[PDB]
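Chemist: Here is what each chain is made of, one letter per residue.
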Amino acid sequence: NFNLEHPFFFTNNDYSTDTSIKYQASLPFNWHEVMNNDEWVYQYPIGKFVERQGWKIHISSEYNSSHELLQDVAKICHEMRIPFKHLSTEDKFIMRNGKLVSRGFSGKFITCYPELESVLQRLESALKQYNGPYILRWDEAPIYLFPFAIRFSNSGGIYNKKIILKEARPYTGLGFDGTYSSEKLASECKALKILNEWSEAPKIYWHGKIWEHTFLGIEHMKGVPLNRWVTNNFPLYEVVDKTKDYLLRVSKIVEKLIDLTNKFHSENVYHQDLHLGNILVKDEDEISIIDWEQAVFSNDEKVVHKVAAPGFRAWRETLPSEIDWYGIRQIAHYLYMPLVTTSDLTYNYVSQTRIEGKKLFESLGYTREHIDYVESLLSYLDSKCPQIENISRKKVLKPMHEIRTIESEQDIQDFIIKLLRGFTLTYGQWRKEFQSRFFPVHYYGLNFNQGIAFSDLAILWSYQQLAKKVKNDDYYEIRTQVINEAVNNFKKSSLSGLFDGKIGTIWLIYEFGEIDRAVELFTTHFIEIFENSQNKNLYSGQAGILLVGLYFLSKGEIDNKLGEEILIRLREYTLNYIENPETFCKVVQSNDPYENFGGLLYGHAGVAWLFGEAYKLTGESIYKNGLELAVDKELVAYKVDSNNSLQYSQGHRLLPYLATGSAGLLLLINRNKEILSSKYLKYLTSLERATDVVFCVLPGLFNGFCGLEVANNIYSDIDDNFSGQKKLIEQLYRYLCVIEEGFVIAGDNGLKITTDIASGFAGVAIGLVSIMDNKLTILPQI
Amino acid sequence: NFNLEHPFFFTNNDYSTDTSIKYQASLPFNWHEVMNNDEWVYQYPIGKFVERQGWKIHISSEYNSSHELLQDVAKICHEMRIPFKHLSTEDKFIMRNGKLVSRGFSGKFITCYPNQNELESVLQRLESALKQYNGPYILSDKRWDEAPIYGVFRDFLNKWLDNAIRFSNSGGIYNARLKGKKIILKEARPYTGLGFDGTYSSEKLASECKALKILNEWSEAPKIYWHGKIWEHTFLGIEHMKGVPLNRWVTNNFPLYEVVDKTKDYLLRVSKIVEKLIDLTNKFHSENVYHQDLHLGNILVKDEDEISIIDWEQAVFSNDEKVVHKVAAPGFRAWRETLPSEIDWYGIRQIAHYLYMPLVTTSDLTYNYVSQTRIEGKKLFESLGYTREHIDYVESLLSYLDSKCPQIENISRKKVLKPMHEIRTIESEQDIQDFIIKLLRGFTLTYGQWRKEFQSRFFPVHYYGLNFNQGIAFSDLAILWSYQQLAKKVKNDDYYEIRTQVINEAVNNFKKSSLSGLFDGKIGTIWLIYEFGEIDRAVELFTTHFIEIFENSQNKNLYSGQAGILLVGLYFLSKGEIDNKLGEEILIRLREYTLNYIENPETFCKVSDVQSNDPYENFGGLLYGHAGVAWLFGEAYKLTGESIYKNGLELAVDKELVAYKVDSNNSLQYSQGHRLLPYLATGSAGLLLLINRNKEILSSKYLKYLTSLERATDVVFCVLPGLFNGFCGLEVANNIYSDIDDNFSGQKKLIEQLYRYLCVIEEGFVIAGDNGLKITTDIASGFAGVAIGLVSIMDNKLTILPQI
Ligand SMILES: Nc1nc2c(ncn2[C@@H]2O[C@H](COP(=O)(O)OP(=O)(O)OP(=O)(O)O)[C@@H](O)[C@H]2O)c(=O)[nH]1
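Quick mapping for you: the protein sequence lines, in order, are chains A and B. Numbered according to the deposited numbering, the first sequence spans residues 4 to 117, 121 to 142, 146 to 154, 215 to 217, 222 to 233, 241 to 552, 556 to 670, 675 to 869. Numbered according to the deposited numbering, the second sequence spans residues 4 to 153, 157 to 160, 199 to 205, 220 to 237, 240 to 552, 556 to 670, 673 to 869.
No wet-lab data here; the hints were simulated from the structure. Ideal Cβ positions, reconstructed from N, Cα and C, are used throughout, including at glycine. There's no promise every hint is true.
Chain B is faced by these chain A residues, among others (derived, beta-carbon under 7 Å) [stated by the list, open to error]:
#1 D17
#2 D21
#3 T22
#4 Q27
#5 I471
#6 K512
Straight line, CA to CA, 30 Å or less: simulated DSSO-like cross-link-like pairs of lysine-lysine [to be verified]:
#7 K78(B) / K464(A)
#8 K322(B) / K814(B)
#9 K51(A) / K382(B)
#10 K549(A) / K638(A)
#11 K478(B) / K88(A)
#12 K332(B) / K289(B)
#13 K270(B) / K242(B)
#14 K51(A) / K551(B)
#15 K270(B) / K474(A)
#16 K88(B) / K246(B)
#17 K25(A) / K438(A)
#18 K270(B) / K382(A)
#19 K95(B) / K25(A)
#20 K88(B) / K512(A)
#21 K474(A) / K264(B)
#22 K336(B) / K498(B)
#23 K551(A) / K574(A)
#24 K88(A) / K474(B)
#25 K264(B) / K78(B)
#26 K78(B) / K382(A)
#27 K711(B) / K95(A)
#28 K51(A) / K438(B)
#29 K343(B) / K386(B)
#30 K498(B) / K549(B)
#31 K551(B) / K386(B)
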């Protein structure tokens, strides 16, 4: 809920400052100027009888000369009573009258509240030389009370030969540099009427300024976005290619764009906005460019990039020929692998995702004669854009240049050592600036403190479990601080569950150490965690609380009374299961946890873990009956793929991986070999053809490739571990940054560094344990 | 302690934030950056063991070409092996080379850590790019070579091995003689001393070489005798002359009593000081000389009224632009963009307004503030009655200074505060009480604007005790208690929640207190619970903590020592609610206390030679010395009737009267360095607070001193408005123990003399504090001081010490 940008981490909305030019009134006594909202300077005067403050009057302003409106408005206040209040700084002026705010809070810069004669001529006589930012009638001045809808805005809009409608009402859409939308409509009116020879660019029709509104209407071009072409045409599955002839299809895009980009550099026009929402590929691979809103008609000036898409912003000032060659660089690298999203934080990002590409095509098997071609075309693009310096302290995130293969277990020995150091590093850059949480985390879980999730001590348990999995600073003092902090705030939290709730930290007060303190905490608090109805899912609900309770019962340290009625609670809960499966979970796309409604962790297959867990230590028939329904009703939402596979279908997106995909059910079948019949054990063949893809963008255990490999290489009845680790290691090298002697992992929507079990350091640290230790140690098995 | 400026209150070194133009170089493929302690950024190779203790390299820079040296030694030291660190913001470059930061941290912008086998190698190609740069002089560091290159981390370099009144980082404001004729010097050193409109010391110092040469011939200006360059260090010499500063001259020649000076004739004396200034400030504002800085420590009045303005080291030589005032004075600075000729009408104007009623100090916090020190000077000299014919002359001649001044539009957030413009005279009852009706708004309106922008405390305080949140003194519990007793005096807000979080963390942080004492320690927080309206918590905390509090206490005075502990002990015994066996024990503890006291009082409190305003640098006084012991013995003689305890009163007042001197007015006054102190807590009001009402015990030997102190505590004007160090105690102490009923002289003189101290904020009468660039609500100089002193005459005993 709290989106803000900081160099490295995310932070909640308490970090930003207001270092701007302030506004100032110079008014006499019997008026207050006391601030109360940090927006206005709030004034109710002295010696009053204040009215009920009904219908209000309003005055608006423009950025061109508003050091002269306020001073003339302030000299009206010497005569008569008025609630005079203006805005604080120019930053609130830009935000109030600019890009994305509502229509109600736009145009307001100075305030009068109507008791009076409702008219005064000397304010009308010192003004009406200023007119602009109208708000959508009693007098003159600024007072505001045809030759023929995909993105609404208060500034303008885009509305559906059929023609599109690009418009801009006057004096709006102010940026940090003072330019407007109608100031760039004329920029398109120059920049596309200067070149009408080409067929890959529309025709300008300014039809009329009805009222006074700047319009620019261009016809609908034909083509597809290049992202959809990549995800519909990249060799994800290994046989979808038409016996090669795709890296030659790359040569159409990597020749047409180069042969077109040098020809508008001879017309003194530079487009300066080059991302993947502009290049539209027609049928029979014809290209088309759009959105010429940022065209500067100069070469010797230097502009730092202001508005772009995520991925392709320039770095610390360059000549504007380079702000169109940088796009042709990082889009011709985009076709090779789809990995450019991190490049807003990491500069010169495409070296490691271009080195591994030749290794990818030689492993899949392509002819070298076709391959040695695009590697020279990309080498030609290094001549145009020069090396620039990395400033603004996003500069430590350094991509690797050398990558070596895997030949022994010592590769896994040093991988863990170079992964654990990048947890001390990302703590040492978080503790020095903030103190609300204690470890950095992905932005949606930015205020959570409990359970196996976006957390504070689950990541510390993941830190020590792999550190004990490997052999040989300040673990114990931070250990003592977080253990005391957890037990201090164990109350006053209003959520219950295993991954997010209260009994999760009961599990890690057991497993983290401190065996006794866990059992008086359990005997004190388990019943008032339990009894209060609520939900049923393993992420947050009664199955999460109950299963770690039976883990405690089967461990062997419990009194007889608790071992009686806790087993009575699970005997009750499985009988309340009986026939109705829609109670716990549902039988659109996102990457945040709470709006998902299916999978292993968020869905039906979590209850299957409990039903398979109870059968050992019980051995009775009803817990066998519940298990196969719990596996079968998870597979309702699976559709047969194009080539003999099964995936989770949520919207247009296709879902691999552990949390909400085929991998969790594959792992759950792979564990329970003995109780499952031959009809359900034969589904390994279809799911193994699903969980072996060559590319999946997210790196985490809860999201992406680590969940794909930890489902395959875990049980298998075979003690082979080296081939179980080698594939995940060699195909997780393309998702890593390098900070000092160590690695970090950027989370989903990657512009960050994170530590969590929901796509960060700790997720791969659990998965690499679960490869060799064969338990999946963050899910209760006993 | 902890002082920092802010538009209104003071605060500690937290509210500073930062804004500057930043820094920082590149890093190709083998490096890392860390944010160490918010004034360095640090780059080092990814894994290398280097060296301990051997050698490092410090690089300074210059403010004009600062960035162009970072990208000159970034890439010349990325090659080979050099790890380094440097400063992060420009405003810390203003501080590291500056004027207030000492010698130890100076000339340091970039710090480098080469390895021991490369010390010749790391600089031989690093220096060659730097030959067109230069920087500050070498302090707290060593010399290596030309260009800006010159400890612990976690070789070839062996070869190269009259008086002073101010010390600063600029170089000195020293005083010497020619190789004679007496010379006042200034000094500077390379590229040092900057502001936020940063210009160097050798720029402002050379910006008077024309201003003292244009005038030169005149008889009231310095004459430059020597000027030149012995080194790059700049020596400017102007001739020393005799005289007295005007701020000392005002206190030397003002009527402080009605009987100080005969012949009358003081408004005729201030005629030659307000004509010579006004024609002098037109004589040199024609030949292009504009002196921006003018204050009371500048004009040296000579024998028989002769002004001698010096130190013209802020001179601007043309007036066709509007500038802001850059360096201020304690009380005098311009306001919002005026020409350099009209920074001598908000200049020399307010200097000659110090000759009438000497309070101009809070003009930095209140715009204008000569209305109150001009309106209520005419009243003073009509009540004192020198001559009426001089009054209109001086008023018109000051109005001409007002006439030449421009009316600047007032704009800041230091502009809520106007000076007050109407003053009544009280004779009736309701005119006394209306000041109480709106002085309470001066306590309410200073509460919001401290808590809403800073949350580390609860109430604004004077900066001497800022992190001392316990006691009767600078505190939190005593402040809200002083409010309640004054509010009960007037007839007819939500202070119940306020007092419950006062009571809660009055005792929550009781354990985390390293000091014990009556006014600033543990036991004061105990018995404010008893006098604030809770009777049982006082007893429980009293037993359970006060027994170890009396165990661990060390000192024997009554501020922070043993005396007030057993004093409030006998207070609790006299009211006698819960004590019994503990009361018998406390009486026993008093028995070994007094008999150990009676042997030699010299080694419990010292029987003052330091000029200070600090609570912990005092030796003699009522609270701060021996009269508190006589308060305890005076009360111990009352309850029991025991005849041993009368012998302590005579010994205490015999020891306290050896310090006071006799002067031309035959006034017995406190001696503290060179300063006479008629005040409640550190002087002559203390013994008058003690001696009377103990006149039913003592008969003849200690009632002949009452009339001398009664006459000696009758000053007309003193500057501080406080209880323990200000005026308000002097109108309490003079009639506090009156055996004849008298209230109008106790509530009319004090509220006629405390009209000259008040700002407005908004419909309020807010008091300022010690060194009053601030509004404070504390008990020494603030809201609680006047809230206790007015109640004191009304309830006729006292409300700072517990009565037995
Ligand atoms: N007795 C005497 N003292 C002088 C004379 N000329 C200058 N001074 C000294 O100069 C000092 C001026 O002090 P300030 O008002 O602080 O000015 P400053 O020395 O430039 O220091 P700043 O506050 O930074 O401006 C006085 O304290 C005097 O001691 C003189 O002719 N006679």
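Chemist: Against which earlier hints does the structure fall short, listed by number upward?
Modeler: Of the numbered hints given earlier, those the structure breaks are 1, 2, 9, 12, 15, 16, 17, 18, 21, 22, 23, 25, 27, 28, 31, listed in rising order.
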